[PDB]
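Have a look below at one chain only, the form solved without the named molecule, in structure tokens format.
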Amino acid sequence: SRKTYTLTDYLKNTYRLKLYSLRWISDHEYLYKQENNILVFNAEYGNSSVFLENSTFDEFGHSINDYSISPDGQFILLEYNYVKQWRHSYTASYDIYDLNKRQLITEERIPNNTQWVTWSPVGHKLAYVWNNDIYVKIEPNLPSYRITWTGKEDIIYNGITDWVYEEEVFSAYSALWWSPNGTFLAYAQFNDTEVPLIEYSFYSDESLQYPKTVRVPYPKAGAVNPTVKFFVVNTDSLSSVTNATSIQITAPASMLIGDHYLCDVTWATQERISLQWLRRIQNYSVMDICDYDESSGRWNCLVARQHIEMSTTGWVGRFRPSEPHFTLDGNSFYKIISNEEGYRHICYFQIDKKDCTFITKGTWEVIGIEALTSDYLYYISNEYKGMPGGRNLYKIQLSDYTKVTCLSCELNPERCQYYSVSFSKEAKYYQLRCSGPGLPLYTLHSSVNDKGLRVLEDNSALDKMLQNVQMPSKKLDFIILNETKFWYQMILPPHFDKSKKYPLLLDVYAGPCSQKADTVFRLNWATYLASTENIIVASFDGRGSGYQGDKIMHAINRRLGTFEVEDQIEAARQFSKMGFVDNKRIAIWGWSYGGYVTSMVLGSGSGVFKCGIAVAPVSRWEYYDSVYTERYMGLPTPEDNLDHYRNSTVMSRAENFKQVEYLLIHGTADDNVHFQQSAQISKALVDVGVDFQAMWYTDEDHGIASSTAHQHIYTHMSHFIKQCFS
């Protein structure tokens, strides 16, 4: 029949997925941007009006890469001169457009090279970070109030995170949190003074005669970590003559005794904020609930109002302690914590009572709490059909935990088994986002009866294009290893014949709490391999995997590079025995943690794999950052876990690579998994006399995502796999 999904289709994105990204501005309306203008929609009836015409900025004279409308609907923040930094961080120039007077504000404009900017939750106040210091604008056209004066490049960070906090704890560059009505602005300050610097060359454009050396405060495992302080300022009590006063919230003592981290900040009410702290040994965390003292001006966090969250089997939380969701009065809150059986469920706390009450239970987990009304609590879980890789929205009656209703399970069970949700301001409405196994489907619903209002986007256009192409199919199932079931997925070539023996590629990540076997619909490299090259692309979730309880997830505690790699080998072993797999052509590849596992597997001497590809792999844990590495490995000291740190390197397995074909790939400007990691792998291979293939990508970082580098790497990897299988 017709054509197949080719590499060019993947690299040129010939088959595009349609989305419906909306932004709720109230409990009844949302903004829906288009290639040109922004419309405002009425959720109840579906009618719309133009919020702001596309031409409006025809002669702005700058390429605008993003807008941000004040909660007010009164102003629009125009972002341009975007310059990316790390995974989330970047700098840019900003201009504010007054939607009232339809005029661009030209006075007291936000400075260029601004690091972060954000409106207050309600009015139109602005808070931004420039040169590592925090500034606040009460009105768009008025002078800014400086909040901090200690900002110093690569040393003191006010309102923004340093490298490790951005990548590993807040997943954001922002380190400031406005109170509910905008009165208070809370923020964190990081000090990297004694944090060592990772240094690497950046070659830049051909015209640069001498390469530049990039240096960034980056704490590797066991190194000196940055320290943190927390402050809260009243933005209603600032002059312009007085240097605003930031009230610091310190402790707790159980944390100050040694190295620790600030891992969460969540406002409870107008005058109550909650903070979660984590010891460097991420076995123990403490939440403080602090109240603003009217006549004192300071903040007090009553003990007895603090809650301890610890683990005896591993670290706390999936990647960090979960965030609390406070009831309206801020006197109680709900939060996801691990069960006595090791399953993460919603517990209900009274702010001044130590024991909480689990409101959900079972051998499945709550992925996240999505909304809270005085009536119900909405959450996503993988309870349905007992499929860990499925996601559905549920609502539980606060008055009777016995009454739990699934809101998405039955909408279209064939096409939709993986959902995410987006509620309006007061949860009056919600958009459901189906991402698989069928084509993504976006719909709108009203919470009063959970009635489906209408279909927002059904990807019918893409559906029409795909019926003329031989697409692969996807199989989601499980195998059983000593009592326990472990899930896997396989992207199967079109016209799959179980009597035929296909070459198999094991797509791996396998990091702690990861999930590579799910019901999500994807159009990627694997789609091409299966559709055009007739390769089966499988993924397996073994020990260390997430969303299935702690017995499985914590199985690799203090032992990275053991069970999770062994299980990938075992999975391949079972696959090669299902009947439709050519055991002479089994390969493996992964990126980052997956590059590490791929390398550990290729050097295991198992002999199960013929070839493999490792992209930006970790090679030895002492080279990776402290927050992530130590969370699972503890400290690289003789008193703690040094022996296993030394036993789990890729380099020690070099000799075993004589039995496989290896392709090692790494971006030279990788600020995350340093090129150093692959540099040591190659040196060990050379020292043992093992031949292999390699490819460096000049000035590319961890994503090797530039348009040209992206196309080049996948093209290179395609040739390698085909050669290995042909």
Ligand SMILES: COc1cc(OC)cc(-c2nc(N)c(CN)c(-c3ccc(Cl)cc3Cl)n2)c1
Given for the second form:
2 protein chains.
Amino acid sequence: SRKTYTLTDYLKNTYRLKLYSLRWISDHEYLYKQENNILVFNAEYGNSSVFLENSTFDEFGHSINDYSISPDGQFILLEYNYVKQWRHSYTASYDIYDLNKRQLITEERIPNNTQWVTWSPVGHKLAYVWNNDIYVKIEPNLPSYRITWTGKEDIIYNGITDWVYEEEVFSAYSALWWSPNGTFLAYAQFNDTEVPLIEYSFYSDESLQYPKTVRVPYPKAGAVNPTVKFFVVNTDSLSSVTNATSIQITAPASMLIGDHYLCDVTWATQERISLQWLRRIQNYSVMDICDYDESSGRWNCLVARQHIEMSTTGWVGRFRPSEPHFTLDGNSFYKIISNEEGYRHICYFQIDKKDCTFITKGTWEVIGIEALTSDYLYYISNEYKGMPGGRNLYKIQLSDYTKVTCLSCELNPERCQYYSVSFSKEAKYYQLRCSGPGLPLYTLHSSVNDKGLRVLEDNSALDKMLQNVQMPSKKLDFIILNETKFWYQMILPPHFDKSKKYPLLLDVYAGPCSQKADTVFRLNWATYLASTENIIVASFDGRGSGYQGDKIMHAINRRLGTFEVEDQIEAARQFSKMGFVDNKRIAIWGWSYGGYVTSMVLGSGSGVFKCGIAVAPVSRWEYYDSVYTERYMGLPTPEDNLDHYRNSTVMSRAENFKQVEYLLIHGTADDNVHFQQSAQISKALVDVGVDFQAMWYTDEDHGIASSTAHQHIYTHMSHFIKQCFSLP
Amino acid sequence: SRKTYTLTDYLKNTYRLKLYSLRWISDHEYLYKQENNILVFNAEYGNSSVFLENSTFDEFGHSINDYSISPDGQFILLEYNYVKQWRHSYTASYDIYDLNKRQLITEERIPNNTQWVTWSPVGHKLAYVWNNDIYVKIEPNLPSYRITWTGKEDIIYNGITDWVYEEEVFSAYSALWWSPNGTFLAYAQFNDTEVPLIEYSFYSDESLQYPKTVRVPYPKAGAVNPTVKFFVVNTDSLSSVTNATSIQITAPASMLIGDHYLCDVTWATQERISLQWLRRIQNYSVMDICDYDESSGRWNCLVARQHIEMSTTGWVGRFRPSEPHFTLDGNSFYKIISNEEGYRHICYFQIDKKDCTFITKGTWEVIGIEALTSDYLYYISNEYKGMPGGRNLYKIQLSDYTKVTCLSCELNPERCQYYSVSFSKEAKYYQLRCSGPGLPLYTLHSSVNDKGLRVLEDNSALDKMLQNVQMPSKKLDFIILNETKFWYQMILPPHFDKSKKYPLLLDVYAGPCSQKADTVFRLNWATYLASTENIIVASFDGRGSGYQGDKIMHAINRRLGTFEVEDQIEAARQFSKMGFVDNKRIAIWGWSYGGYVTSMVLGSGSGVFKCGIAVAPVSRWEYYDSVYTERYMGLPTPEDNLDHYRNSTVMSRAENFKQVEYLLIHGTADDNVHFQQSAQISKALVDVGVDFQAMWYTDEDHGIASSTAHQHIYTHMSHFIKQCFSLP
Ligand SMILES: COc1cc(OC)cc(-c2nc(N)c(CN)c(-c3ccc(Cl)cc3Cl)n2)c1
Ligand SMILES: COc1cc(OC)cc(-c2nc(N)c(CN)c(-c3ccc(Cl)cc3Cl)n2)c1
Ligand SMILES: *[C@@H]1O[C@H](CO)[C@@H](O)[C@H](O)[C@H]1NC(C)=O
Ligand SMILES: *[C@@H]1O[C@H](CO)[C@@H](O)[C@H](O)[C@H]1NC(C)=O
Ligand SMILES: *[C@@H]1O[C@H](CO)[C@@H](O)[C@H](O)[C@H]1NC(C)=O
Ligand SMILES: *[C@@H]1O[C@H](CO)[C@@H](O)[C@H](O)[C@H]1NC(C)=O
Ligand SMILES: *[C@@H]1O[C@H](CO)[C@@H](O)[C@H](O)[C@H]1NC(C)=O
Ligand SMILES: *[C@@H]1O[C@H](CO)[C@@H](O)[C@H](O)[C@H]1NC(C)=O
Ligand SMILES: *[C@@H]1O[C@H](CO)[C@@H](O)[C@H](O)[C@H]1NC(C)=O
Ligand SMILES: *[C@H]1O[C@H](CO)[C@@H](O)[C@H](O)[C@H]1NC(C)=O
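Given the form solved without the named molecule above, produce the structure of the same protein in the form solved in complex with the named molecule.
First the chain shown before, then all remaining chains and molecules of the complex.
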């Protein structure tokens, strides 16, 4: 198709995928911003109109990062002066704008450097977090009510997570949950008082004479972890002369024994909250159920509805105990659980009753429960064609669980093997969004008789542009190792020719529960490598990999740096046998867990790879954080799993590097995998007399994502591979 | 046929230079350590005896790092548990061995973590520093007297210097100066209370879970400086329980007007000190003469007896106002000063008069006064044959200044052209140490008729080994640029042949008062480049270079990264117009200041260089320390010299680096030229999209000098030069 997909096209975004991000605001309407206008849509009919004009804030004077609309459609939150913190957190300013009038509010404004903000789920109350304390507004134009007074930077967090909770437990800065009435505000409070602090330089702009030292509470593995407390306050009982009254809910005594985590927080009904908890030695969690006592005003959790989950082979849940999905009345819920064969399925729980009933089962896994109505439960799994990297939507009749409908398997079976979904409030409508193998297709439907309504977006534009490029092809397949199947994917250069030998670059991640072999459509680096440089790009999902049951997933339990490393090697060997691969030119590379695995692979002495790149690699598990590391490794004590903690470092393999060409890269402001970790890799390579190449990116973190640094590192990595593979 | 000088020869020191390190101890004897027996030799006769048995200190229990023997021979200091700090500073433990007994003194020991210790000039009194306070012992087995009570880590330093004074002002950690009676202890006090701290990560051994932040009071250019007070205590009247009295000496009104530095302390007699002071703007310095007053017990500094040295053309001194050398009676003294043609010559001062009288003159410079007796002054200069990179000893008859005898020019004229020297007390004898161009040669001589006594080390062993390798040879000569002579050296491949075209490396330092072209013999990276890889390694002495007078030396005044930079560029061109260097393979490298200059050239756009390497470079003068920077740049304020501080960074030239292949190396624990400087270089290149190479050395500092990091950086640099020069 003559011209090729270029390094510059990736870096510059020549070919963009369209998306269709809607926001349901009721059971039959969604908002959609187009250019900078907000449109309101009707799902059953497809008519549409302008909710807010792109022009409405022309004379605002501050550039607008985002907006949130109140659920009654009365006000809109305006977020400007955004400042990124870590992966999810950030600070920003807010102005609220009243819709039925056309006024901004001068009165009682949210303060600058607000840390989190959220509207109640119904009405137009606001709850915010400033300076680490919680605040509530009953009406946008009124004075707020301070709910906490303990707030203190880096030590006391009311209503927002600290560094580990944010990164490894909630995946969010928020630690507030409104009851559905908007009556109650539950919230969480963290105390980092004794958490050791990571310290690193931040150089900033040229004009800064002295580098700033950044300092952040971060529990490295086996160190003191933050403590957590849970409160619920009643939002309809606030006063200006009287302080807010918070009712604490205590973890259960089976948690209280020792260090633990608050793991999940789910409103069931107006007067019932679910709370899930986990022991630090993450193989035990307790679901508690808490009720409001109208008279007492208290919240009580009855030890008899307490549910328990344990793992015999590993940790609990994929990354954490699953989310509970409650039936409307709050008396029962559905939740994904590993089963007696080790495959993850949905279990039905009745509240005061023992055991649970499996309503799905088989050799495959449910990825998620998506919606639950009186007559149906909706979920997603990789059942179809028995493909672990395929994803489809299913419908289960609740009156008879043997009646399962695939809503997605056949809409477009050659283009569409990998969907997600977004049901409306109450579920009378849904958007399907297919991600591959073909170009992303977004459709709307009515759950009534799963009728298709409209196409929303088909990226037809992009399909026509791509016709003019010589595009690679993606092969998705597997190899049988012991009597087991491990899946791999190859991205092949156009005009692929099994009669010719191509070099191969192995793209690895392979952390616990990962999947690097799927049916998704991507435009990315590997797109340029196979299209312009004609290199094959291979990913392999071996032991330790996810969505295929616990026997594969838990095989790496307490053993990081083994099975997952071995298997990547082995898959490369196999790839060789395959007559179309130059075994003198096989490489490896990876980011984050992937850098760690590539380094350990580069250091095995296998002989299989000529070279490899490691970006932001973990190098010794004692350096990464407690919640993630400990899930897999237990604790670094002689009494628990210290010996394998020490047997799995990159450093100890340094002499083996004399055998390969290695490129090691890190941002010096990485607040997640510390620059420290590659600093110790390079020093070990130095102590042993082994030459390597290196690159640091000053002031970048784990995502090395500024446009300038992102263009630069991929440009730098393109050169190193090109030259490793003798390619001009 | 012979073997070549390999990278491994250099790194492993296969070919070692022999030395002859001796310490004079009377006017006729010296100590010399041999087969680790300490020997005392007789200079006149050559004969030797065992001063301290090698056997002693075998069962001592620790390894001994150095030693120091009382002046009036009763005792010896043993240094162990040595732990280095910065360029000159360190901490250590101390044992004392009483010679006239076979005994280590067991009582009233010098404490561990001692910071500085010193015998008085006669007898056996001890002064030491511990926790930043000074202590005196009159006798080795008795209680010490505490002289200061104000010491405080990183804030108040008594009798030791702080970071800048160690590095830039006194070149030693020490700030104690005993009187010649040993009656008086003088000592400076530095106060760093409001000096900002540079802060950097230090990673240690892999077992350290969290990185430590190093914090060092370090004045960057234009910041607040430490301050200094100056004291003199009488060692003869100290009381058991009574607190000692230290009498203060005030800097003179013309310095107290603003910031200044103490730069020189020199005892003239038993009761007369000399202190030189220097303004922050280093244009004006003052010498004060203090006389002890029998009646008041005070020290008085007669204004009318002050001596003033200003500069209109630059700063004062080569790096700082020079040392005065006092006549035995302390009423006049000698000291190097820039004459009117701007050449540095010895000038004679009489204490209560006001001018001085020159004693040498000419279009060459004196480099140091080395010895003074009632009948002669001895100094080193570069007079011989007009070669400024040469160095020889001369003698001047005080009774007639034109009576000058060159003592070292004709000893071994082909082999020896770069001498230094070391006289006995009173100069009855002296060691000459030739450093090239041939193998170093050490001789002992008698002062009365200046006769050769013996050869002490001639490096014959090395002579024999070296006949078996193909050693490069050194060319030294000069070029004319705009009417003036500028010297360069070339290191040349063996069996060199001027009809062939060799690649050239330009090795640059080029700092103010530097000299990279001279007549000394070195075995170094360059030897290897020329002997194994056939690369001509050139160095050049441009404007700003030293030892050739102020017109060349001050031409860079207030303008760093200017002429010193154009000049290296011009020399390379000229080398290019040589019929034996190919202009396709000219590269350039340098450390420190030289890295700054290497980066500036690389970014000049000249087109002269294919590639270069910068190791630990300055990138922006606002980042380097006050004393040295301001010395040449003045202050970074708009009212002063800001504009050129802003115009002379490496970052500003980033866009040109696309024309060149650049390797940037910097240690992470560099307390001197901070890592931050390179961090900024690399960030500017990235912002602008230039690709380049990099290497960081974890925990190394400005010398990247641990044995493995040294092995590794030169290895790394070699691969990078060879490839740039297409050398297999
Ligand atoms: C591999 O691709 C992705 C994509 C993601 O979505 C952006 C998140 C992650 C992701 N998120 C996290 N919160 C974490 C936990 N720290 C991780 C992760 C897992 C393992 C390691 Cl060693 C490091 C990290 Cl960051 N990885 C990884
Ligand atoms: C040319 O290489 C050498 C050799 C030295 O003696 C071994 C000292 C120095 C030396 N000593 C010093 N005290 C200093 C003062 N900062 C310097 C120096 C000069 C300039 C710069 Cl930009 C940096 C340094 Cl470290 N360089 C340099
Ligand atoms: C859709 O059109 C119907 C009929 O006019 C109207 O009632 C409704 O408000 C329209 N909705 C939107 C969202 O534009
Ligand atoms: C926030 O800061 C801006 C500018 O500094 C100020 O004008 C605004 O009124 C401040 N506080 C708010 C928005 O409540
Ligand atoms: C946080 O924990 C520390 C240590 O246990 C305790 O002393 C401190 O008072 C706590 N603060 C709060 C508000 O919980
Ligand atoms: C409000 O309550 C908190 C504790 O609940 C207290 O510390 C603070 O001072 C109170 N102030 C008032 C208004 O009572
Ligand atoms: C040198 O020999 C002379 C002659 O005996 C002797 O007196 C002197 O002490 C000896 N000195 C040394 C250094 O051994
Ligand atoms: C010095 O250190 C040694 C061990 O290094 C210790 O035993 C001793 O008490 C310390 N104190 C001294 C000797 O001043
Ligand atoms: C050091 O200087 C600070 C002010 O810069 C002053 O407060 C302090 O007294 C001084 N300390 C001493 C012991 O001189
Ligand atoms: C010490 O000196 C003796 C006497 O010559 C020498 O022969 C021996 O090798 C030396 N021993 C040590 C430990 O160096």
